[PDB]
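So this first bit is one chain, no partners, the form deposited in one PDB entry, shown in structure tokens.
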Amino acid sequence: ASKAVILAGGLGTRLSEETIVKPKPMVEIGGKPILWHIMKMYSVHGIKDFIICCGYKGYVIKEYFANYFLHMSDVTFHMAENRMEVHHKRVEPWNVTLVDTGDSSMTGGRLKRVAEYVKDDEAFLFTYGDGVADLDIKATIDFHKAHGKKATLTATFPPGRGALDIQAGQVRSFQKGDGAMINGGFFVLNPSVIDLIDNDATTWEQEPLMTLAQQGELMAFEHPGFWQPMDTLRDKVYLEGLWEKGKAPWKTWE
């Protein structure tokens, strides 16, 4: 397991403020697209080979990687001599495959698209281009191993927009408790699982996932820590804010 599949084909409707100009994962935190953070999460854990399921506004990502250095460092232009000098040429020990998974495909359909990429894989990683966390991807991987089932997902606690501490009908305090976790993406999967995807129209979180669960083939890796998606403006700002203040839990690297 060394490859990570990342969804980046959505419309970003709930974040049009930005998405009208680019694909929601191309949206930044700390001047860096969220996708990059996520990929930084992987790398930190050994995953340096990615596949990106592009769709709505893909060229944006294409261009991103196509001019990464620029995107990444200061620069000087010696125009008189038509010369470009990037101050910092930082290298990423990555491999990036950008795939047009279709304009109208769903999560399943898209994933199903990039099979060949991970077919012979012992296993591969799959997640959303909208969530960051201080997740221990490795750990997840070994867990998916330990258990041997086709799929592993990361269960997380959600962010709450009025969670309580109630004991004996008495509110003890204003703070999820126990059977209160959700699917935060970060899947560990079996190529074999693609068989579940019927077509482009497939919403991975429907049959595929449901069936797997029903199939006793669905495991949940519990993450108590930091996890946060970005679906709205407030989502951004918050993350933006965390980052400014040197408080980006998800920031597991140098």
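So that the term is clear: the rigid core is the largest set of C-alpha atoms that superpose within 1.5 Å between two forms. Positions refer to the first chain, counted from 1. Compared with the form deposited in another entry:
When both forms sit on the same rigid core, the CA shifts between these two forms reach 2 angstroms or more only at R83 out of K119, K145, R83, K138. The Cα shift for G169 between these two forms, taken after rigid core superposition, is 2 angstroms or larger.
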Second form
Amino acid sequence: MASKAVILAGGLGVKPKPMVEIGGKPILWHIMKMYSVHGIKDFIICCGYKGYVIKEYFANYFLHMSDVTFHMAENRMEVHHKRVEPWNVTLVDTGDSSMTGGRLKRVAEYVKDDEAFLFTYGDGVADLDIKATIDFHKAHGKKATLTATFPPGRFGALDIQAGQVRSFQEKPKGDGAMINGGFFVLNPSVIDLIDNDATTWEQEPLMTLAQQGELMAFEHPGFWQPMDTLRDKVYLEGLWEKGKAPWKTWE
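Hand over the structure of the form deposited in another entry; the form deposited in one PDB entry is what we had up.
Since only the chain itself is given, any partners or molecules it might have are not part of what comes next.
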């Protein structure tokens, strides 16, 4: 079925958001690893402002990733502890100014003839069963599927009763309504809902789909973390450092 993952890496800026690291590696790579362990090895990167940074990275992938030896005499570069990644990574310049829907539209070409394809934000990691979501999408037959998740807390949480605060928790790990965690599974017709570069995916497209009854939610009550804040960064880095990263399911 679906075999390609489209990732958003444009927007604000410096380097692109997905280039921010964790454990010395761009978050973008962490997400690629997530898909890859779920058998998805074809990637399309929607680049924007500072995109070349992303290009340079992949163009010098091993140099970035490992220790090397330059055998000058032979004009050869030896990679130590080389860990090959059987990926196809397409880097598409999608516009310095495009919106999320716009970027997707831009890459239509690359997924236009697939049953379904995966699409996600370049800043969120999780221990999500990618395969599961695919099968789920196939099963429900809708045009689209999103991964619903519990968000990080950004404020001081309150347990109020009778005007009395029974309990107080500073930025707790989200426990009410699930939100858009990204990790979409989509049919290529969704692109038809995108008008142009200025289209924001989370706007008309998504609302319409929900509206049309064409949008399903795969609920993921488990680990999911976006990297928006420094606190996020630190949190994520700690997890990684401590050897306790729930999204790191690979060898």
